[PDB]
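Number of protein chains: 2
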Amino acid sequence: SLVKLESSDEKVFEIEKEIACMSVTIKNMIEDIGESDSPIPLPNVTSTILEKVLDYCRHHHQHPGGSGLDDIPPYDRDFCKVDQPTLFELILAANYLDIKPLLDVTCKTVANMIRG
Amino acid sequence: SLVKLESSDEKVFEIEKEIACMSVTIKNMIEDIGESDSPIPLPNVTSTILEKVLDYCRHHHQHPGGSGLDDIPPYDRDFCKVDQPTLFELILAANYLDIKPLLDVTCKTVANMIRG
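Going line by line, the protein sequences match chains A and B.
Terminal number for the first sequence in PDB author numbering: 117, no gaps in between.
Terminal number for the second sequence in PDB author numbering: 117, no gaps in between.
If you're looking for bench data, these hints aren't it; they were derived computationally from the structure.
Be aware that one or more of the hints could be misleading.
Pairs count within a copy or across copies, as identical chains cannot be separated in the list.
Unchecked claim - Calculated pairs, SDA-like style, for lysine to any residue (alpha carbon to alpha carbon, straight line, at most 25 angstroms):
1) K18 <-> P40
2) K12 <-> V25
3) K109 <-> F80
4) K53 <-> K109
5) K109 <-> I41
6) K12 <-> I115
7) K109 <-> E7
8) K109 <-> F89
One chain only, chain A, in its complex shape:
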């Protein structure tokens, strides 16, 4: 079922429990509380950012990837098309949830822009 993850902006982001397990932080919370359909608020990540965090996690789970070597998918490129403050917010949320794929891709995005 969908675990209900309210943001700091109180927006309920219902996403599959199996997806929320990729986030080390959310996973560990579910483990300490036990298997609960109880909504887990995240008082750090806002609605606009948690939207893209969990939507990337939808992409990553339903389509095994979230990354590309010489194969740049349309979604994943348009995902990285955010303003520089908003980009740092994606870094904050990815470190807060300790999502290794999201954190690495977002840190590589800025790395490609400054080296390219």
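Position chain B relative to chain A; hints supplied.
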């Protein structure tokens, strides 16, 4: 004893073994290899960056902190005084070594500048 950590720029950064344990990546390497005084090169983080990564880790170990709420220490502020490409390099090295204090502080540095 001091574990000898060569950078990508081949510079030997000898730092206490007990400090290198805060880095999840370096710690796990020491565990797989076993307790060895053998020098561990890091072919990702350069000399200038690994200098500050391990020197922050010196500060963090010898002085329990590396962070401040309303108490901003001189070192920790001058540590964050780096150029924007160099700042992204600190993010890369902190994610590469999976050092939670360093990664969080450096991600908070940019967060304070864009919101302030």
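Results for each hint:
In the homo-oligomer, the alpha carbons of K18 and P40 lie at most 25 angstroms apart inside one protomer (11 angstroms), although the nearest pairing across protomers, at 42 angstroms, exceeds that limit. Taking the shortest Cα distances, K12 and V25 sit within 25 angstroms of each other inside one copy (21 angstroms), while across copies they are farther apart (34 angstroms). Proximity of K109 and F80 under a CA criterion of 25 angstroms is satisfied in both settings, with 13 angstroms inside one chain copy and 22 angstroms between copies. Taking identical chains as interchangeable, the C-alpha atoms of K53 and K109 lie at most 25 angstroms apart whether they share a chain (17 angstroms) or sit on different chains (20 angstroms).
Only between protomers do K109 and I41 lie at most 25 angstroms apart by alpha-carbon distance; the minimum there is 24 angstroms, versus 29 angstroms within a single protomer. For a Cα distance limit of 25 angstroms, the shortest separation of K12 from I115 across copies, 24 angstroms, qualifies, whereas the shortest one inside one copy, 34 angstroms, does not. In this assembly of identical chains, the alpha carbons of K109 and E7 lie at most 25 angstroms apart only when taken from different copies (22 angstroms versus 28 angstroms within one copy). In this homomeric assembly, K109 and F89 come within 25 angstroms of each other (Cα to Cα) both inside a single copy, at 12 angstroms, and across copies, at 9 angstroms.
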